[PDB]
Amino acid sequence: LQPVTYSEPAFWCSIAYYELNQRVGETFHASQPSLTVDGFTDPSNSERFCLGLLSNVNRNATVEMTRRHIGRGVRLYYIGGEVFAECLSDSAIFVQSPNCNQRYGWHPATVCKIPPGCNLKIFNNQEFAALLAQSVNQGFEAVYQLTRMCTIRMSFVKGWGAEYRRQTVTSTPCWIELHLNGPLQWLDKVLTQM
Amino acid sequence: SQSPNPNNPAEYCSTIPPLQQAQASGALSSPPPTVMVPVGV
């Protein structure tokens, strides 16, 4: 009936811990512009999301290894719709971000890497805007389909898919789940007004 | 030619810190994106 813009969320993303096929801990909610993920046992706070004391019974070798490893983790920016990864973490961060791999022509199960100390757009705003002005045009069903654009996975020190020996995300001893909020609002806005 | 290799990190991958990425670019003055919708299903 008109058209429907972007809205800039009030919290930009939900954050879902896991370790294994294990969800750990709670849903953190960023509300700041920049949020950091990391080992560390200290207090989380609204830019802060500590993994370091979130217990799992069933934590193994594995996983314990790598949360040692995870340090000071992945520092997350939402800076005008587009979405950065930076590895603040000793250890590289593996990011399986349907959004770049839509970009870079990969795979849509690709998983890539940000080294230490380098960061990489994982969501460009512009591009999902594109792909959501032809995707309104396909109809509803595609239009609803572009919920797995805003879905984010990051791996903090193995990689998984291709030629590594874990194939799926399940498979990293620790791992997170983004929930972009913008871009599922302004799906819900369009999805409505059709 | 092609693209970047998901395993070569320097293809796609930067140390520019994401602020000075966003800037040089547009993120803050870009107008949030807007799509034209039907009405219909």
Given for the second form:
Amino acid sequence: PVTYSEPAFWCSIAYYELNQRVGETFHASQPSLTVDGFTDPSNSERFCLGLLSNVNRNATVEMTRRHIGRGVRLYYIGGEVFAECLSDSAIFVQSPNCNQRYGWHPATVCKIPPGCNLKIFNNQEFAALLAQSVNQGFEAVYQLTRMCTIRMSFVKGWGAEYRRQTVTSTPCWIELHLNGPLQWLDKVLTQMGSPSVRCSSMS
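Could the form solved without the partner chain be shown next, to go alongside the form deposited with the partner chain bound?
Just this one chain is shown here; partners and other molecules are left out.
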């Protein structure tokens, strides 16, 4: 059985405008980085969304992109990940790991006002969930990828209360993948066998 090597990048970030992916995926090699609305294309610690083009872009998205500003600072201390709102506008985070910690609904979206920060991920909690997931079968273990994913919207909120009901309805959002947790999940997933119900070649 297989070999693992420590991820060179602790996370990857994908930017979206509504339901469309925009720009290349950003890979973070440093423990602290900022996703902002500016234009430096060569800072390994900055994912600058302002330089990303989209000929198909609409006015609402353009308008919102102008308010990203300093955006969000993403960093980790030990086994915990945080998101700090550097922007003059708030950011909205949907983190299953965070939501479960507070007993909130899994799809809960938490508002992080300017100047505030939130613990979007805790490894201990994830490791514990992963450990108990085995007794649930391939089914539950496979779905844990969602716990390694965190989505955040700049300026516009979505979900309960807000008119916008889904992340794809927001003008500017990012999707963060925590690579360490994903590798941890892989070590378990590869030993959980295959699904129960049969998937034919024709249906």
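Take the two forms, find the largest set of C-alpha atoms that superpose within 1.5 Å, and that set is the rigid core. Residue numbers count along the first chain shown, from 1.
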Discussion item. Please determine whether the C-alpha atom of residue 9 is displaced by 2 Å or more between the two forms following superposition on the rigid core.
Written reply: yes
